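Showing subunit A:
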Amino acid sequence: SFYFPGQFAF
Partner candidate 1 sequence: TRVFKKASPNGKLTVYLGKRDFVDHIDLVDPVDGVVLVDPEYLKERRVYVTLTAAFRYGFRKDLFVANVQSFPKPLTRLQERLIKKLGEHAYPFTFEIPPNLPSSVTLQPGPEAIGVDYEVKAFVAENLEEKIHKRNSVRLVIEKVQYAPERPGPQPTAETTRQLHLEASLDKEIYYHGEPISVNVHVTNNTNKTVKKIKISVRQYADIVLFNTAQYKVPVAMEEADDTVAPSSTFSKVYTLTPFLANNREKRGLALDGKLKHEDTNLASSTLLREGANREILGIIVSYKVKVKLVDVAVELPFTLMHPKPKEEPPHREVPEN
Partner candidate 2 sequence: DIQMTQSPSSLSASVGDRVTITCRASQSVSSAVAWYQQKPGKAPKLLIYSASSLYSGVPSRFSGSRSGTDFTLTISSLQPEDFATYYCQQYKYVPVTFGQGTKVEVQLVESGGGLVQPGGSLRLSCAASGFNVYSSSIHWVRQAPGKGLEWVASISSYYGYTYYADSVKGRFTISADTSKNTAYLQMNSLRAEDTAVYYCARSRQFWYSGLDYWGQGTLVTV
Partner candidate 3 sequence: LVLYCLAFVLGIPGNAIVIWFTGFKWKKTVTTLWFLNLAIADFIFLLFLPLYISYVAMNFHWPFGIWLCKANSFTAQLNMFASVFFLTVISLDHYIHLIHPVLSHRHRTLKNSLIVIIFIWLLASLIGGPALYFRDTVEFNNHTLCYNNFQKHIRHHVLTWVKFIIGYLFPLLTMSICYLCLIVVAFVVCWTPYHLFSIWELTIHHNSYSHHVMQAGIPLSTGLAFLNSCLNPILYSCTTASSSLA
Partner candidate 4 sequence: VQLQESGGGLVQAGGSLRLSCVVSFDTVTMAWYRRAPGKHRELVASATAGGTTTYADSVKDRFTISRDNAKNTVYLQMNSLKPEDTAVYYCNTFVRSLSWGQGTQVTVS
């Protein structure tokens, strides 16, 4: 969860 896929980044 430290680098959980953010999504919507671009």
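One rule holds for everything that comes next: a contact is a pair of C-beta atoms (placed from the backbone, for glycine too) under 8 Å apart; a residue touches a chain by one contact, two chains touch by 3 or more; residues count from 1.
Criterion applied: all candidates are chains of the complex that A comes from, given by their letters.
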Interface partner of subunit A in the complex, by touch - 1, 2, 3 or 4
3
With touch defined as at the start, can you tell me which subunit A residues reach candidate 3 in the complex?
2-10
